[PDB]
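Given as structure tokens, the chain that follows is alone and in the form solved without this ligand.
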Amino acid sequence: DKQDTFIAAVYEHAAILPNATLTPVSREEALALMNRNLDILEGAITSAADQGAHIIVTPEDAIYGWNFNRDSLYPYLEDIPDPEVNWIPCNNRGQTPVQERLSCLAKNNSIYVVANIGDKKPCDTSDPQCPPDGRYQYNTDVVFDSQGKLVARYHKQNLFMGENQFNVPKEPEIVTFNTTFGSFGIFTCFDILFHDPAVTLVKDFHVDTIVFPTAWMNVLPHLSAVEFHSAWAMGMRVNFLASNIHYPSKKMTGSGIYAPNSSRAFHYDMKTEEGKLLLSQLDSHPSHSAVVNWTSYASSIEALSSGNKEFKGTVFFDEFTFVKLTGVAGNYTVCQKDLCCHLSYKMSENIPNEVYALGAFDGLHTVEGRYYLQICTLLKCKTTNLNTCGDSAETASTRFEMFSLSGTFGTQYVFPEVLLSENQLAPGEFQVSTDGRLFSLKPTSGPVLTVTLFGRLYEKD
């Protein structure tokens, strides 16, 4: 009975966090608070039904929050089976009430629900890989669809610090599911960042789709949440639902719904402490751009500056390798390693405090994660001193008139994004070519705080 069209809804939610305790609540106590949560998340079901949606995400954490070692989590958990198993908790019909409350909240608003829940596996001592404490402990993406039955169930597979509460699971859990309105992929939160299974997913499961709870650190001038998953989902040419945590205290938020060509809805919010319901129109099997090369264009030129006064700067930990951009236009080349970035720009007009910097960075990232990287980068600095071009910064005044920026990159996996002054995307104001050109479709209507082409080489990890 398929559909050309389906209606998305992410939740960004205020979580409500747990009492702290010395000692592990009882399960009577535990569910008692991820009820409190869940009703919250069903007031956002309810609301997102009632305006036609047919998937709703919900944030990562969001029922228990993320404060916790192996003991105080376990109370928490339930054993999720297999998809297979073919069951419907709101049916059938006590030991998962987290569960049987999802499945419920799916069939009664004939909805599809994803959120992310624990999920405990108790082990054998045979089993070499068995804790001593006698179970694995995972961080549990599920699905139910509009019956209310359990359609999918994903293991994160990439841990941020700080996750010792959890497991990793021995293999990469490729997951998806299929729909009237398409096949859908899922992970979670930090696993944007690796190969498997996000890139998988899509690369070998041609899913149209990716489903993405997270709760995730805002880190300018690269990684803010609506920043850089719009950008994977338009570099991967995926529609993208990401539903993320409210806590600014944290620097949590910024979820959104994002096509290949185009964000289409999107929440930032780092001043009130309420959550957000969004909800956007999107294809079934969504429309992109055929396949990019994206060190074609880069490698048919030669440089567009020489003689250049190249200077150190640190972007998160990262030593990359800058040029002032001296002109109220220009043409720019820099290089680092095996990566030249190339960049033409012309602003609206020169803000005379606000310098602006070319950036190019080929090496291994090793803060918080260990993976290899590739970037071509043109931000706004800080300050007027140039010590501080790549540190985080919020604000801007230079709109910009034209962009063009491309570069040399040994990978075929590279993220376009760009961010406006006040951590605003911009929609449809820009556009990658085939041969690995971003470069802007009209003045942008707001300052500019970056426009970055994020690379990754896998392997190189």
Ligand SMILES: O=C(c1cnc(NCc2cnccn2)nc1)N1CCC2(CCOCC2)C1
Contents of the next structure:
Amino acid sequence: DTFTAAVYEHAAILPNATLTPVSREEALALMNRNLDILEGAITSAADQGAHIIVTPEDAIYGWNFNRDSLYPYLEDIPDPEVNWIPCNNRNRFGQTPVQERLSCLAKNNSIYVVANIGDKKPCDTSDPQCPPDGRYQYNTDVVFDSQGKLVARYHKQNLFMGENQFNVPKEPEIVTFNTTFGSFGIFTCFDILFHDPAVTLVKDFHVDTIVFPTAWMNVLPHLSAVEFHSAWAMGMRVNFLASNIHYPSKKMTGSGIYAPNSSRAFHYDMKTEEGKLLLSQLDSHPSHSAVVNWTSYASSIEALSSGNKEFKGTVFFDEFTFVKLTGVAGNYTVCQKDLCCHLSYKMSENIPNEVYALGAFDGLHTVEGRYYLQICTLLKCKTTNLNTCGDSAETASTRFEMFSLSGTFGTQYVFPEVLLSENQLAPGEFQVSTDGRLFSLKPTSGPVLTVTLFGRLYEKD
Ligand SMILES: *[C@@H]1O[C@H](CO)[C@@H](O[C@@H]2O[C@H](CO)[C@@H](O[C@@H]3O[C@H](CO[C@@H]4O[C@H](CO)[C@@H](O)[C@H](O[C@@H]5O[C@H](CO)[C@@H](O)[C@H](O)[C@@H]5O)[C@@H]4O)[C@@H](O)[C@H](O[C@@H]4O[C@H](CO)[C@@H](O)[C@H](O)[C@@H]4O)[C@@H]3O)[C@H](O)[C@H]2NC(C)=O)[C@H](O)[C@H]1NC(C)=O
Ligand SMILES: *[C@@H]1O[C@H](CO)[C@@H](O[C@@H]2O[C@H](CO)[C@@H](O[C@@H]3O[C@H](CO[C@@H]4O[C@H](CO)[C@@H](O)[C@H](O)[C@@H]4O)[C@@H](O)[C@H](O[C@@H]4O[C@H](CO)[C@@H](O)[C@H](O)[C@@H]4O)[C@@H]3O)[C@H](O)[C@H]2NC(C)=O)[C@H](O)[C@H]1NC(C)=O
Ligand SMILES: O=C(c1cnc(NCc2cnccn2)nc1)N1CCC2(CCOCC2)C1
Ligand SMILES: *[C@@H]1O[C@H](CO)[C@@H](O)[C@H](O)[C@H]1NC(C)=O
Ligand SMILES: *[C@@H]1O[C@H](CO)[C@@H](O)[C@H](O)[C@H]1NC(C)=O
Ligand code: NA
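Right, the form solved without this ligand is done; let's see the coordinates for the form deposited with this ligand bound.
Every component of the complex follows; first up is the chain already shown.
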């Protein structure tokens, strides 16, 4: 059993913004301008045989808001248990034109539609957690099935910097929907860096596939959307449908269809202002049983290199301990606190004016989000000056004939990333061993930007 998956990268029409909140008529007009574009992708995906389509986070109204400017865009989204086809019973829950339009899009195209809209929940001064506003406002994913029925409603648990227009639910929402093409879980953007509900869906609810609306801002070398989202899919052994906003000026680009063994389709484009529809087949019930012990090999072996010139280098505001790679081939070990990283490599050639380093990081990230990390990275330094190792490098010339990366990870949640020049994924050029080694299966098809083992220590957050 296989199915055809679809994701759409969306160049959104953002509201003029801001000063005074718009009328419900003006908010609806804007939302319908974005929905007209999404209708275009949904109908094409359905005409091309897709079983499900994911659209991005904030694709219908953007991200520039305060609590009051957002309010006119909001709908009261009922509990999916209510058993409702908004297309077949338009006024069951009052004025809900966005829900009705999404339901009709799913129903008329006989396709599952995943979209991200806004939920309004009015509350009384009686409950202590009710905002002084008189309502809760949630960043919400909605899922409509092939018949137009509301089958999932998910309120974003992990809010990003400046998402003050939204509230956090009391308890993390573990939202799943079952189909004839596998069990599905759902979360949004920043949720991918946290345990709840992301890890819970996979390890406890045993989902086959994650549907993921996102408005991701690319942060090289480790947090580029295609790179990190496919790594997370591989580390969690799940299918992953990443639908991202298309906005190059904010570094937003990177949608794909990821399988547990490799990426199946991906899109990165910083040049045009156009959206993109991606389609690809996936196994409905992929194997989830390919277990990895991430510290195994690394904890067994002794330091590959001795007495070396180690330097501190900044990677996304985090101070890594690096060791420059010297020679077209080598074996290095670098440690930072509780983490020891090992690399075995062989380059295709010793390209001039291009420096590579092996970095180690064990610590808490605090800039624009608080999360505990353990990272082992083989990265292309921006220039030849070692104080540029860890800075965003979009191009490289060095192809690798072989690599083997591993670390003494104090966690079972490690995401294996392989990124080529210029933000290209490498499918299926690498694998992960049961021992915890990220290794090449072939010489890389393009020059290497990074080979990273990105680990999360959720308990140390
Ligand atoms: C979400 O929806 C899914 C899909 O509907 C639900 O999963 C289904 O659950 C049913 C109830 O437990 C399962 O039915 C039983 O199936 C076995 C036969 O084994 C299966 O053979 C199938 C055909 O060859 C195959 O599709 C199926 O799935 C596969 O399982 C293997 C491991 O074995 C795995 O590798 C694959 O990834 C895939 O999962 C099995 O191989 C029957 O023996 C069994 O007996 C009957 O009980 C009936 C009463 O329930 C009775 O009518 C009858 O007389 C027998 O006594 C059931 O028919 C079904 O296999 C399973 N399907 C899948 C794809 O998982 C899932 O439960 C839902 N989840 C939630 C949370 O709601
Ligand atoms: C993934 O793979 C790793 C590697 O195998 C697993 O980690 C190992 O788990 C072992 C338990 O199954 C640990 O063994 C214990 O070690 C204790 C202390 O040993 C020191 O630990 C360092 C690492 O921190 C090692 O280098 C050295 O071995 C040190 O000496 C011992 O106290 C403990 O002893 C037991 O005592 C009882 C009696 O009370 C005896 O009956 C028993 O036979 C045994 O002697 C035990 O040996 C091992 O340290 C640990 N290694 C590391 C590096 O963490 C992971 O747990 C696997 N992960 C998953 C999720 O499966
Ligand atoms: O959740 C996110 C979001 C989360 N992470 C990233 N990039 C990785 C990363 C991780 N930690 C720190 C910094 N960067 N990009 C976007 N967004 C939600 C909507 C949103 C629209 C742009 O303006 C702001 C708010 C971004
Ligand atoms: C769906 O079809 C019904 C009639 O079959 C129509 O009323 C509705 O406007 C359609 N909606 C969309 C978005 O295609
Ligand atoms: C690196 O280690 C491997 C395996 O032990 C070995 O075959 C290779 O020759 C080593 N290379 C260097 C330059 O140390
Ligand atoms: Na805001």
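Residue numbers count along the first chain shown, from 1. Think of the rigid core as the biggest set of C-alphas that the two forms share within 1.5 Å after superposition.
**Student:** Would you mind telling me which residue of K149, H365, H288, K346 shifts its Cα by 2 Å or more between these two forms when the core is superposed?
**Tutor:** The one that shifts is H288.
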